[PDB]
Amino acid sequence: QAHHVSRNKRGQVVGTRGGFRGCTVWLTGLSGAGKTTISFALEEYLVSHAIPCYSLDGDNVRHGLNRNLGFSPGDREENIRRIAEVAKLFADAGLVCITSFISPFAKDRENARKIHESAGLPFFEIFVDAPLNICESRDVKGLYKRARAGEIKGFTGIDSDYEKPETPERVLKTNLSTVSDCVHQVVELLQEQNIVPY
């Protein structure tokens, strides 16, 4: 062990609310299912309620920490591994960490879970669940049309699998309710787990 200030000591100074509330909210689901959106609205809820948080997504990860990674199966596995480890470092610093990666394979998700659990840090797996056709009609970034046209391969939902989370902590049905309803589902969980005040 390296000698550091304890998690419980860190709990006094992080944010106003006392207590160690570090953890990772791990959003998973199809491209366009609603991860970036839910993550933004959660981040807003958290900041508005004075709970320090940080979001890892493609914007701060992919052209930095993971800029030396491409799309081979081994590289995508490394992608998620690195993400999971850093998320764990943010949980351990006492921040609420929100990740928003399609993270299709149970193996990688369950591995993310395991490193948090090993460290005694809460991990909430959140299935951001919409049907593929609905995601494909949103085509937020034009990836589906590129993937269909063969300009991208290995694109989850088209020529690689999304493996539905078996026991996620919440399922957000994003084609059947509002952003606000979906967020509220995550917020309730954080309440029930004492991360976020009533």
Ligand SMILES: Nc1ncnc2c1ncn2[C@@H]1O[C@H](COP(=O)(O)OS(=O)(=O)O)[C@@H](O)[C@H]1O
Contents of the next structure:
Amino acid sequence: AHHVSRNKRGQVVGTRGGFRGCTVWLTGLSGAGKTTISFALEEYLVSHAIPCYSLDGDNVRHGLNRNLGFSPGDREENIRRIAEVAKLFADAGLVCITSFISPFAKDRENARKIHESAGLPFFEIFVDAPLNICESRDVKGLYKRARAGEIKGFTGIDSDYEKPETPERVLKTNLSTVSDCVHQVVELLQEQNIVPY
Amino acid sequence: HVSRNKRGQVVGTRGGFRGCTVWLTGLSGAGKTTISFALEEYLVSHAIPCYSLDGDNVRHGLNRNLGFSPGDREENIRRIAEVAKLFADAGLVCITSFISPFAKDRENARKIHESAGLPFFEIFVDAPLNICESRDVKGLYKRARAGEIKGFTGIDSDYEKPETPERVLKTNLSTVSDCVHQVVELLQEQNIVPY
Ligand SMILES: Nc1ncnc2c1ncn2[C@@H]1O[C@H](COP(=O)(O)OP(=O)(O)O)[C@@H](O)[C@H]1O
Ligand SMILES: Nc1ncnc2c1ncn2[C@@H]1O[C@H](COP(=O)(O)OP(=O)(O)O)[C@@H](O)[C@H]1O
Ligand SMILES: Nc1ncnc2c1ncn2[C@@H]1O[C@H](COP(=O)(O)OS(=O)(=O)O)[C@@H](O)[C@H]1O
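Give me the form deposited with ligand ADX bound now, not the form solved without ligand ADX.
Zooming out: every chain and molecule, the one shown earlier first.
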């Protein structure tokens, strides 16, 4: 009695043969672009017949992580539960795109060494945009509420964002287009033999 | 994101959206993990992508910080039911193989799938505690009566028989292959497994 192999799994998940289970881990300041890259990437893989799944704020915040507030331990448990689920989707044969700020190198390496110890590729993607560009963009109003003292401890304002030193890609969203950053990430997945050339 | 409409075209080779949760529930040693294994081998044979949540990939991973106190079981299932919902939303057939004895935990698990629109199949693996105790596949029934395990379900914790499940499986009264086929017929009826 055993579970089905990743090789059999690699043959039934998509129309294109081979295991592709990996995890694409976006990280960056609120408003740097993680959501917009995630859909764009997700539309790409789907349009090219690669099943994927985004984990993001909307489908985690109020489900699996609904009992997790904004204390340091709670944001930590937040990235832990996301990481163990991303591993499961990866293990399932899918490409799992996570779009969480994840400000501390120390939770990101734990997520990475959760994947690497199951033999699953892990791609730290640094969505890099100057904080003042993020504060200008203010997509959800958060920076204005952080200045005002109504959001206490906000990444980039009152708690730090530890920038990836050694990530597989860096996306300079203040300098290039959405399509351009996606090309950087699709090309990564072609090198690592996830997306066929 | 990409709708379930378009995920049905890329996930699997069979065409159509199939995302759902087969949720096996019943006594420790009643055949949940056996059915989950054989059903998995069935769907992968028929080219239906799937994924199992069992004790192994959960106990020490996602739910590693959950004890065996009442709040912690509620949470155990709560987190499992959320992850099933994700794998179901993704276009996979998620199979869960936990005792999950309390009925409100199961009602909550179903609520989470239906409100999102995902099919939830409650599958009662049914075998008399005596046979399950007799089978004692892991040693737990032998430890439990001694008191090595306190609160074990069937001994010092109750088990709440699901009263309107989509299937009951007489693991003491029919073969693994018969019980798996009962689940296949339920999934063919609901346009999850092609004919
Ligand atoms: N190259 C780019 N990549 C991603 N987003 C960009 C880019 N250029 C401009 N933007 C804009 O930046 C904002 C990113 O917001 P969002 O994706 O919600 O950030 P986060 O990555 O924090 O979720 C969007 O308004 C998007 O239109
Ligand atoms: N119809 C059946 N379905 C599943 N298991 C069965 C059946 N009939 C007998 N068994 C036996 O019962 C035992 C079930 O144990 P297990 O699958 O570990 O159950 P659980 O996951 O509920 O603990 C196995 O040894 C299996 O061979
Ligand atoms: N350490 C943190 N400090 C402040 N806000 C956070 C932190 N972590 C996450 N957020 C906020 O989290 C929401 C995004 O979804 P979450 O699942 O809560 O976490 S997040 O990491 O992506 O940001 C947005 O409201 C996000 O901007």
